[PDB]
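First comes one chain, alone, set out as structure tokens in the form solved without this ligand.
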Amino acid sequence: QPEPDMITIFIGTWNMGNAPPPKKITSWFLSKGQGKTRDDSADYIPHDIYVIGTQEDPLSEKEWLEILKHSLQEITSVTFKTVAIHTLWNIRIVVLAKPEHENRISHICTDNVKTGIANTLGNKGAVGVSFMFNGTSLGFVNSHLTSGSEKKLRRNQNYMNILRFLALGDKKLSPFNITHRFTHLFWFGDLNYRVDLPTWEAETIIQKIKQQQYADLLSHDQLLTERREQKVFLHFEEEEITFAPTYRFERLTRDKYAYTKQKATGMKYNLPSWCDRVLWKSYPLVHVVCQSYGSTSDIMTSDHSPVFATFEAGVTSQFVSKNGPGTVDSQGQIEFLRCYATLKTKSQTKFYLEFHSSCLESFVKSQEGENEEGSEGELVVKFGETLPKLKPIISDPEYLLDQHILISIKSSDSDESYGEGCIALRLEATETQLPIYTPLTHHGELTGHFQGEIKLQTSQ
């Protein structure tokens, strides 16, 4: 039985509003309702992995797992295996996979982050799961961020705390946060960003939604505007939104948005908003295609509608050769030519690089670079032709061209990373000098750039 080179992944996010679900939730897992929906001809075809994120979840883990497994068995006639379940307060993540994948999945990690301080610590935060699927690392984050239209900057702060402190994936990747640890990272939840229009415009917004005219609402969505201004979710993708706002509904119908201020809301307005979202970030030049992004219309126990997204995702096989794993493949090498880092720092420490990759036996430290002053104020760290030649464990081009090199630039004085990025080895040519580039981030914000040339030697 051949190892897959693609899988499909279901992502669900639902703020359940502290209510039990209705008897039937199959529409969610079938990607049926509003938006980019899944073709009826696929309804019996199971996804490889289902990742369910809930917020305000009133159920026990056992109670929700039974509902989810029942739901999938009714759709697919497959009994899914539980990969992981993790709950923080009423924020939960469940990962289910087809039984045929049980031996393909390993290195399962879970963690949570509690956001806020004192008053604002005790119900918001995130849970996450990561694992390896054959040679491919997968990460999943379900976050419930701060509520309220006038708290976008708190949400952004909650995002940075979660990506700094959530401890998933390979702990040896010490300079790297979750935004660099995975081939594919999915981040979803009740992110709680709102449509920023005046309160007086509530009925006008409702009208627009009834006309399925979302453009003038999406142009005020705080998540899209904060992402455009590089305030949050830098280097993440989101499919185009073509479904109505998923919050805030009267329960037991979807005919009414409940937006007016009430004692129950802390006298806050809840204008119709796209609170419930799925974003992703995959390594450069890895296949990832969104095949659905939408909301259900028939699950009405909460003041939010469930959101679904599905993905095709490239995966690779657990490569063995006669050499690697457990030795080098002398035939293989990676050379960096004429490389330099451009950093936004005011610091004047010397810097060195670390190269990390599962195609290396262990990470590689460079010599210190040569600091120059750039034209428009910046620090340029030149490495020239000084960088160590990297010796991959396997030289077969079918393996090596699918790998990635994570780069950290670290201060010699503190050994702290000032920037992290990722280079694909999926090159147009081998034995040929080719341009490479990555932005560098630290704590998920832009700190610089790394560019130069690469020369990759494979066994072919």
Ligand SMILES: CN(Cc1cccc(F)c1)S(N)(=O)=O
Given for the second form:
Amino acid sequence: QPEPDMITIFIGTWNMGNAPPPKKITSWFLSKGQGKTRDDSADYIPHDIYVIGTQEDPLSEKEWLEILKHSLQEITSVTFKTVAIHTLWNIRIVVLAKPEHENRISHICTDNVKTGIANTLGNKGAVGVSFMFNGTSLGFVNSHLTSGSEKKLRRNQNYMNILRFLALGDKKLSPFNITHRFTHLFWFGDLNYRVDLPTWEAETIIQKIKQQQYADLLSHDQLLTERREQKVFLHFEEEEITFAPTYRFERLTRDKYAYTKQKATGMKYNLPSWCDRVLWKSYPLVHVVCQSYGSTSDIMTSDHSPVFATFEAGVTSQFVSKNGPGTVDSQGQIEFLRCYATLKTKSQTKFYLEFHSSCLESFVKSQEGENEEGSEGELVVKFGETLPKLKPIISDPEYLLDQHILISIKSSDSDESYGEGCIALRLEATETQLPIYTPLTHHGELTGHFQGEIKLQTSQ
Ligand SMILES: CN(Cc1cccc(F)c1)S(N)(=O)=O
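Would you mind generating the form solved in complex with this ligand now that we have the form solved without this ligand?
Let us now look at the entire complex, which starts with that chain.
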């Protein structure tokens, strides 16, 4: 039975509005409704992994698991295994997998982050799950961010707190947050970004939605505009939105948007908005293709419609050779030439690099670089030809060209990371000097760049 080189992943996000679901929710898991929808000919084909994020979920874990498992069994005739379930208040994540995958999955982690302070601590935050699927690390975050059209900055703050403090994946990757720990990271939820147009334009917006003319609305979507100004979700992707806004509906129909201010809304308008989103970030040159992104039309218990996204995602096998794991394979090496970091920091300390990768027995510390002043004010840290030669555990190119090297640039004075990035070993050539590049981030904000050349030796 061969190990897969691809799997499909279903991501669902639904703010349930504190109401039980209707008796049938299969349209959600089938990616049917509005937007980029799944072909009917695929309906019986199970996804490999289903990740369900809910917000304002009134159900017990048991109650929701029974609904989810029975739904998938009706669609696929497969009884899915429960990988993980984690709930913070009314924010929940469930991971289900085909039974054939049970012994491909390991290192299952769950965590949560509560956002805000005092007033603003008590119902917003995130839950997440991570695990290994054979040689591939997968992370999943379901976040319910701060509500309200005039709180985009708070949402951006909520995002940074979640990616700093959610403790998922390999704890040995100590300098790296969740935005660097996974081959594929999926972040979804009620992100609560709104269409920023005047209140007086509410009926105009509704008109535009009835015409399926989303362009002038999406140009005011706060998540798109904040992401274009590099304020949030830097280096994440989102599929084009081709479905109507998923909030705020009158319950038990989808014919009416309920946008007017009410005591129940704290006298706030809720103009139609794309609150409910799915984004991802995968390591460079790993296969990931969005195959659906849309909303259901037939699930109407909530003031939100469910959102679905499906993905093809490249995966690798748990590689064994006669040498590694448990030793190095002297036929393999990774060399770095003419490397330098450019940092935005105003500080003057010495810097060194750490190289982290599951192709190494453990992480590698470099010598300190040489600081110079850049022509436009910047700190340039030069490593020249001084970087250590990295000794991978396995030299086979079928393994090594699929791996990645995480880089942290750290202060010698404090040992704190000033920037993190990732280099793919999926090179155009081996035994050949080739350009490499990564942006560097810290707390998910841009802090610099790392560039240079790589020379990869494999057993071929
Ligand atoms: C048996 N584990 C993985 C798993 C647990 C539950 C459901 C699964 F589909 C897979 S393990 N290797 O101990 O983490």
